[PDB]
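Number of protein chains: 2
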Amino acid sequence: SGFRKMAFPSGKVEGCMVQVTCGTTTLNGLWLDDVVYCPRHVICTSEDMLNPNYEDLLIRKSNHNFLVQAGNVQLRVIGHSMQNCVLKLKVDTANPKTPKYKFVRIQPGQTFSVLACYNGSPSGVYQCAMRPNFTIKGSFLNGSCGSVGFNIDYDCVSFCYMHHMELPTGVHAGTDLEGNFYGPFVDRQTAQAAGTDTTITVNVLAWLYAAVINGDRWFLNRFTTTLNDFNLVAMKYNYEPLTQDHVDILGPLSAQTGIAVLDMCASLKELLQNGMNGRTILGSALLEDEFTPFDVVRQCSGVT
Amino acid sequence: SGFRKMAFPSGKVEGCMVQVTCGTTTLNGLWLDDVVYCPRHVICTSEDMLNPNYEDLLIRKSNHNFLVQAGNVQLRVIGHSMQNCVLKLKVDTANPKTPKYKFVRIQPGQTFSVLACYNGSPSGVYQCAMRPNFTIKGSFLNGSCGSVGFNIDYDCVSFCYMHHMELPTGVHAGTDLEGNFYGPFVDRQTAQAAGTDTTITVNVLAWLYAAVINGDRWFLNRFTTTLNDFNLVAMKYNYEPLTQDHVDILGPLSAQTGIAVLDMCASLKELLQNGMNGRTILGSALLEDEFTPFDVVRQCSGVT
Ligand SMILES: Cn1ccc(CN(C(=O)Cc2cccnc2)c2ccc(-c3ccccn3)cc2)n1
Ligand SMILES: Cn1ccc(CN(C(=O)Cc2cccnc2)c2ccc(-c3ccccn3)cc2)n1
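Top to bottom, those sequences are chains A and A'. A prime marks a further copy of an entry chain.
Note that the entry's author numbering gives residue 282 to position 282 of the first sequence, counting from 1, and the numbers run on in steps of one.
Note that the entry's author numbering gives residue 237 to position 237 of the second sequence, counting from 1, and the numbers run on in steps of one.
Only chain A is shown next, with the shape it has when bound in the complex:
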């Protein structure tokens, strides 16, 4: 028992982290097979922050201008190319520590672990969620760019995120491993609107089921609701509207606890309308939305 914001064991990703340097700029790179993936802004200068012409900047760079170091061993760069907002540096050596891996583009509401890195070295790991507005609330300082988000299915690492930017609002933005930004964000030092952030309703409900499993049941009530009535409340409180797909994914948790999804929705409704009244749920005084239904089942069954 006990519920925690648990991240994946980061070992498989640690063995992929390298340091990429181009000119005076240094960030992190991801070494899988004979390719090193990193944010394309590694080629920018102090002036090219406002409106960089990446195609024009990259033309001034040769394979020998990109310095890739894995710990203390230098990788020989034999090719370079730009794919959307990421650079792909072909190196002459396949990473011996390359795990089974996939490049996947997660949906808003899905969660992933981030292995924060500086100068190609791991500093820490934490669990994050891709917000509905496609930002992430991470912990990233200058030099952390290139750090990746991932998920693990037994032996396969699905890399979903690469860190690129911190918005003036203090939230984080980045790309999938094909260099496509999540959201409308651009890799330039310009003010960018991260739209209205909504609460991931299916995740809050999954976390309420995790709480019931662990003994925290004070919030359960004698009421039920409908999907239409619930969404009237979700709307008012900037929660994502619950769909039948969400209900279906919560099925295993409803089956495990014997509490119908619409009954759990009614508990969430009263929690939204009345608050916690100074109480806690799983050691939290707010409604947590960073555990997917999949995360709850994984943690409550011990999936390794």
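Derived by calculation from the structure, the hints in this document are not laboratory data.
Treat the hints loosely; a few may be bogus.
Any copy will do: because identical chains look the same in the list, a pair fits if it lies in one copy or spans two.
[To be verified] Simulated crosslink set (SDA-like; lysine to any residue; CA at most 20 Å straight-line): (1) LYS137 <-> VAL212; (2) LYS97 <-> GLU14; (3) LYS137 <-> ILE213; (4) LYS137 <-> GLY215; (5) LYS269 <-> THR199; (6) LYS88 <-> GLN192; (7) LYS137 <-> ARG217; (8) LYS137 <-> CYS300.
Model the placement of chain A' with the ligands on the given structure of chain A, informed by the hints.
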């Protein structure tokens, strides 16, 4: 910017995890050099839960009765011994993935990462704190025993905790790597009092400084306090009394932000007496005490 409950990259510990089986019972073991460390209750049966005589039980066991598997490779056991509540199985092969390591006994209030394991395999990593009452609020199911807590200073892993037990109250208890339990806990299926848990005051203050650095400054006020006045409030709210040693450790954070420790204590005083009034600090609606002053500086400076 951004603050997260960040755990250490678990890679170095992953390479040490093995599965230990004795009879029908299976738990996790820790392989460093030619020794495998695991909880001594691996030798217990379904009846020997209430009052096991570990010395008598261990006498019935030979080296060949302890099965140690690292992934899928079987380790040959050449020695076995009991040190307090841990078993030390001498194996004929030194772990090739043994990192630089130390066995350290942490103080209450200190934090560490836990790499949760099942059948010798890593499931996830999370940051924890040793509560003042020597329990930990972890996430552990049956089979997780043997999972370890640790800290990392560049290349050296300091193993501080080994998971052994879950109290009837749902909190967790375990030992240091010499098999000495933290707290008064015994490795038997008996109701055990985990004393009154107090809030780690120096950690809440360190986290208030982390919040100020990241923009969350609403709680700062025009007041100051004294150590004696503050402790009158800490007492009432079951907070650890602040000492001059605590003030001294918060010095770097006070210096960084220019907010005196007693001024920050006065903010904490008003937060304790008035609550958050429905606001949040670093995305939390309660006062967080699982970040030491050391953790805050590490995260706010990017120590790898
Ligand atoms: C062009 N561009 C793309 C994104 C950005 C904005 N940007 C960031 O937000 C990085 C960041 C900071 C803290 C936490 N997370 C991320 C950032 C990137 C790089 C440089 C930099 C510095 C010297 C030379 C060249 N490039 C400075 C600023 N600018
Ligand atoms: C003797 N003893 C020491 C500690 C305990 C209590 N105990 C736990 O609390 C384990 C636990 C559970 C869930 C999360 N964290 C930890 C636990 C240990 C082992 C066995 C077990 C089962 C079959 C055969 C032999 N031994 C059952 C229960 N009992």
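Structure-based check of all given hints:
1. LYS137 <-> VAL212: Answer is between: at 17 Å across copies they meet the 20 Å cutoff, but 27 Å inside does not.
2. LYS97 <-> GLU14: both (9 Å within a copy, 14 Å between copies)
3. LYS137 <-> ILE213: between (27 Å within a copy, 16 Å between copies)
4. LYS137 <-> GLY215: between (29 Å within a copy, 14 Å between copies)
5. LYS269 <-> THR199: within (13 Å within a copy, 31 Å between copies)
6. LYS88 <-> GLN192: neither (26 Å within a copy, 57 Å between copies)
7. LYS137 <-> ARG217: between (29 Å within a copy, 18 Å between copies)
8. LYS137 <-> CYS300: between (25 Å within a copy, 15 Å between copies)
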